[PDB]
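Here you get one chain, nothing else, as structure tokens; it is the form deposited without this ligand.
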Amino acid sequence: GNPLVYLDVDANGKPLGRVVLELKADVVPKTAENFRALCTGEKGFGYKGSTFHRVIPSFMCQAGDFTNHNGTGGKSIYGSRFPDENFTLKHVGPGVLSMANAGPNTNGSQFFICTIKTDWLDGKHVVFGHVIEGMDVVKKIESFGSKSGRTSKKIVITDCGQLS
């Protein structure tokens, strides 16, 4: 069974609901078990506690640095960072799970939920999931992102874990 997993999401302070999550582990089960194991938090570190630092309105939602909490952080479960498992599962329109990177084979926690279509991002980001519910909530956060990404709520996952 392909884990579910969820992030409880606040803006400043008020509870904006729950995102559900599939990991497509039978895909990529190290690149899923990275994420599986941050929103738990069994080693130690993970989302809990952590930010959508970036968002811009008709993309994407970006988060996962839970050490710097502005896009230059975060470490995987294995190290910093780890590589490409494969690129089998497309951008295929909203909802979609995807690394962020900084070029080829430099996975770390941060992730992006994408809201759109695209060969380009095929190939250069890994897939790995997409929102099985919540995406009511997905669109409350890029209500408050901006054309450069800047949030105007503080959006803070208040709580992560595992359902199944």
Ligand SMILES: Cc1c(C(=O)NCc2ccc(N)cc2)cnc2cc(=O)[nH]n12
Second form
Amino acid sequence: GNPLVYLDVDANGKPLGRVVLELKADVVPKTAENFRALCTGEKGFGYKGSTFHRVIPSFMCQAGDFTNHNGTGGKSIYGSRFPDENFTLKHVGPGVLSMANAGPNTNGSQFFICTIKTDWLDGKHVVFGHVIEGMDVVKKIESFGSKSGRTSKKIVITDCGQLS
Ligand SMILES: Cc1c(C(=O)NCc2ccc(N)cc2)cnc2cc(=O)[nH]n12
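Now show me the form solved in complex with this ligand, since the one above was the form deposited without this ligand.
Everything in the complex follows now, all chains and molecules, and the chain you saw is the first one.
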């Protein structure tokens, strides 16, 4: 079945709880596998210890730059970047999990969780999963963002992994 993975998130060193994500490997297997392996850390690198560096209320929470911690970095398990697998899944509402990018075919490790329907991203960002549990944690993260994306608390993925 599709992988279930988790992110345990702190804000200014206090735990907020756990976000559980389903990865739609049946639709986007290569994109799902990248995220799964970055959660487990099994390639020797991944999301553990990295941050939500860009958070915009009423839009999304973005994370996954585990190399530069600022939106310029990250890498995939395949290499620095990998192609857009497909655009079949849509940005239908809060809880959608999608790949950040710098244009076509520039997926790495950065990702975002939507807090609203973001239909204008359809066909531009690869959707690959959704929140199963922990939308309350996502809403807390969102509340620590700003219009500019700068966070008002340090939001850290302290632990992450695969549940099934
Ligand atoms: C524009 C931007 C990006 C961005 O698009 N980075 C390019 C990129 C994405 C994914 C991969 N894998 C590689 C490169 C990342 N963070 C922030 C914060 C902010 O205020 N603007 N911003």
